[PDB]
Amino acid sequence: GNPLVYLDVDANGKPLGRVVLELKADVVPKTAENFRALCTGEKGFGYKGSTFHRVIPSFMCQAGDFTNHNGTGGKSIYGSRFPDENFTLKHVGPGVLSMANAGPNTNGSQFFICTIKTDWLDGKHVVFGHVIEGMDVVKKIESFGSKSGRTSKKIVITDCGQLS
């Protein structure tokens, strides 16, 4: 079935716990596969050690820039950027996992987890999974954001990988 992956997240060097994500490979196989492989690190690069660099309370938590750590970088397992696969899944509520981008067809490695329904992103960002476990950890991460996106604690994915 669809992959289950995990992110173990610290804030200021102490563990918050684990976020478990189910990836909708039946709907968006290419987007799911990229994320899966960046979690395992099996291509020699990926999310381990990177940060949640932009977090906005009552909106979303953004991460995945493992090259520049600031929202300008990241790369996919296919190349630097890859197309929007489809917009079939919608930003329905808290726990949605979706690709950050810089316009059409600019998916790389950056992603966000929504903490509310964000319907205006439908048709613009590729939704590819959802939080299975660990919304408590997501809410902690959210609580360390600000209106500007700047985080007030250093939020680090210490470990990540695939469960099934």
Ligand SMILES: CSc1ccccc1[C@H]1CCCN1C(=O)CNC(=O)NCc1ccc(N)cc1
Contents of the next structure:
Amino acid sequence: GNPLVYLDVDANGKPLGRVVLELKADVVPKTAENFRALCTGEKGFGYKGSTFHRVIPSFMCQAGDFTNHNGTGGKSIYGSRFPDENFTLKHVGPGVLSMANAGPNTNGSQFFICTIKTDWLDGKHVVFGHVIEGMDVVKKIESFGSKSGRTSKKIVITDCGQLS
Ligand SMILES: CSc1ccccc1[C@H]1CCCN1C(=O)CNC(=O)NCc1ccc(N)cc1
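For comparison with the form solved without this ligand, would you give the structure of this protein in the form deposited with this ligand bound?
Expanding to the full complex; the earlier chain stays at the top.
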């Protein structure tokens, strides 16, 4: 079946809790596999110890830049970038997990979790999963954001991996 992966999140060193995600490998196997491997760190690099660098309330929480820590970096398990796999899943509501990008066919490692229906991103960002458990943790992260994206606390993925 589809992989389940987790992110354990801290804010200013204080544990917020765990987010569990289903990766829709049945629909986007290449994109799901990239995220899964970056969660386990099995290639020698990954999300562990990286941060949520842009958080905008009533929009999304963005993370995954483990190279530059500012939204300019990250890489995939395939190379620096890989193509948009398909746009079959939509941004249907809160909890949707989607690839951040810098235009068509520039997927790397950066991702976001939506806190509302962001239907205007349909066809532009590849949706590849959703939150199974821990929307309360997501809502906490959201609360530390601002209109500009700057966080008022340092939000760290302290651990991550695969559950099944
Ligand atoms: C103000 S944030 C924003 C605004 C309009 C549309 C999209 C967004 C944010 C959250 C939804 C995801 N997103 C972006 O992807 C904005 N782009 C980037 O942050 N690009 C930086 C970047 C991303 C991926 C890669 N591989 C390299 C650089």
